[PDB]
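Given the structure of chain A, go ahead and fit chains A' and A'' with the ligands onto it with the hints provided.
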Amino acid sequence: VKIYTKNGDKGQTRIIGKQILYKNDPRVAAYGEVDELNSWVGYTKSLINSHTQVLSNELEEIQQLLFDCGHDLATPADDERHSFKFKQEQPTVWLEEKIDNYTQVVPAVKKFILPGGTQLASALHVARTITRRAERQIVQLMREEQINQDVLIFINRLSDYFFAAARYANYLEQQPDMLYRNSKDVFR
Amino acid sequence: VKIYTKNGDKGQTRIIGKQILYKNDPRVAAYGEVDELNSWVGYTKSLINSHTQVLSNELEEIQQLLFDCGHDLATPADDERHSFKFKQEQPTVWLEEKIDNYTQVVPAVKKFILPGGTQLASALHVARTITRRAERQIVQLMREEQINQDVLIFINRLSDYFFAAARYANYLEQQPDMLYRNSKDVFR
Amino acid sequence: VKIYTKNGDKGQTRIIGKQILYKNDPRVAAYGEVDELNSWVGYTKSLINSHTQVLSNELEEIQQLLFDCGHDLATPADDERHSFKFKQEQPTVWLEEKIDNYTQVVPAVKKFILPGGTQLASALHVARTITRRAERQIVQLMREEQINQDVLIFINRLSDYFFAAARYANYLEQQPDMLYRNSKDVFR
Ligand SMILES: Nc1ncnc2c1ncn2[C@@H]1O[C@H](COP(=O)(O)OP(=O)(O)OP(=O)(O)O)[C@@H](O)[C@H]1O
Ligand SMILES: Nc1ncnc2c1ncn2[C@@H]1O[C@H](COP(=O)(O)OP(=O)(O)OP(=O)(O)O)[C@@H](O)[C@H]1O
Ligand SMILES: Nc1ncnc2c1ncn2[C@@H]1O[C@H](COP(=O)(O)OP(=O)(O)OP(=O)(O)O)[C@@H](O)[C@H]1O
Ligand SMILES: [K+]
Ligand SMILES: [K+]
Ligand SMILES: [K+]
Ligand SMILES: [Mg+2]
Ligand SMILES: [Mg+2]
Ligand SMILES: [Mg+2]
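Residue numbers (the authors' numbering), protein chains in the order written: chain A, 1 to 188; chain A', 1 to 188; chain A'', 1 to 188. A prime marks a further copy of an entry chain.
Only chain A is shown next, with the shape it has when bound in the complex:
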């Protein structure tokens, strides 16, 4: 079992189906960024402590979902042999219930917060912004190729999830959020 095949040494790689693409192709970038997010989520999960244990399981669940998302991003819409498997409905509602819960429990802001606080909250804000980077790449792909739009819906919602969870993480250790000092009242 050798994970190195050396077939990518010239800069091309296989997607799902028969097509090979350059490694910088917008599709390869899209699921590559999802993979980087997925690794970051694993890193974030590794920072869980006794105050923040309640977040551990859902972070693992998100990793499972990001594999499902990446699968579809790797799959051309006109590949006869492979189909999209990701359905946004249940995963996205699941995220929304957590955003709702976490928004309700934490102290309310009007103003932008500094992305920071505890190590876990800060890692969740990093997750938030990597998710947003991945989303930009998914949009890049979408503008050139037919994608499963369900992935974009979920990935969009997911960065709201990470924002909400980051604030929740601070709340779980009673670390106050800090406000952006020049912020207008932006959350309504």
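Keep in mind that the hints were calculated from the coordinates and are not lab data. Any given hint could turn out to be false.
Copies of the same chain look alike in the list, so a pair counts if it works inside one copy or between any two.
Stated by the list, open to error - In silico DSS-like pairs for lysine-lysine, Cα to Cα no more than 30 Å straight-line: (1) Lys2 to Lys85; (2) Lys2 to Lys18; (3) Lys18 to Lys110.
Here is chains A' and A'' with the ligands on its own, set in the frame of chain A:
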């Protein structure tokens, strides 16, 4: 209060003013990368310990400044309703005094250093390179649209600040820097 | 000694040789991403503990090699004054022996694993995906300019190294890997 509006589910988003852009638009990428840097800085700040407490306040200050920078990056130069608020002068001189101080105190190198050392120093080198990534995106934007050039000045200087602070962080725990073994004498 | 020259304040910068490029130029991005990887590796190394000490030296070695790689990426192929110095052969075989060893020792999977586990294993998966991001940028450069193809070979192999090392890191603390629940048997 629902932070999820679902208006971005199709890949477009509002900037400051009335314009909507695709999420992968160079402007949205520019302030998105600034936001990722901002989250990283929060993460770096969360790693401060009793040896490195002297760096905590300025890292928070940098977060405030990155919100000011992102505001202007989000604002088209011909938006009648919104103006640039960021002025580079004082923030950049403030960075320069710290670069000066930190450069003076730490052991002098000629040669490239390995970006590493303590956890905080290493996080500061990560900050350095995320700042540089954000700067590249700001330049991408600048080549297509009129930006507040003050933001570029500050963001340029900021990666020098993170280099200097990373070396300072090592010095604060008396962790020696390691040299790149094939380095020419590059700092003069 | 002032590391800030202010010459890049307008968005252009020098490469090796006489050429100046915009900071978002594909070459500047390529070695800039290598620099971000290099900083991440330093961060990963800073997470080493008594269980994982055996990985510390090779991570430092990888930092040395990434400087060698970046040098060549910074060097145009037709620069009369500067030459490529990186040779892939020995560094890449060195990576392969470690991939082999680490693959052999850890429990075998068929299926995709969640990128996660201990803090160090998770950081190694982050390294894996930053390496892959850098590789995409190196390919972007290659499609426009003649590069030292040895760098691409090594950088390709390196993300396999980080995958193998991440699994090894889990094994060193006896943290089980978790499988992607919808994975097909992909490793053969
Ligand atoms: N740099 C990269 N960024 C994102 N995705 C990649 C990258 N390289 C390959 N891929 C995708 O992820 C899968 C696994 O990567 P892998 O390294 O095995 O591919 P490869 O580089 O083509 O092969 P090899 O590394 O054996 O030469 C590939 O089949 C491809 O779909
Ligand atoms: N992926 C992204 N990367 C960077 N910036 C973004 C991204 N998506 C939106 N933005 C910018 O940041 C602000 C807040 O993001 P937000 O998620 O609220 O926007 P949206 O995705 O358009 O809306 P929603 O998530 O409610 O559907 C936006 O108004 C826009 O200026
Ligand atoms: N944002 C960036 N991303 C990646 N590489 C960069 C970036 N800016 C400069 N470089 C490269 O790295 C080297 C060091 O960066 P440095 O900040 O010293 O350059 P500069 O911005 O042109 O100068 P200064 O910061 O003094 O105005 C440069 O010579 C150039 O090769
Ligand atoms: K491989
Ligand atoms: K939102
Ligand atoms: K500089
Ligand atoms: Mg959104
Ligand atoms: Mg500079
Ligand atoms: Mg490969």
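For each hint, the structure was consulted:
1. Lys2 to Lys85: Both: 29 Å inside a chain and 29 Å across chains, each within 30 Å.
2. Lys2 to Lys18: within (21 Å within a copy, 43 Å between copies)
3. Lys18 to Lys110: Between copies only: 21 Å across chains, 51 Å inside a chain, cut-off 30 Å.
Of the numbered hints listed earlier, not one is contradicted by the structure.
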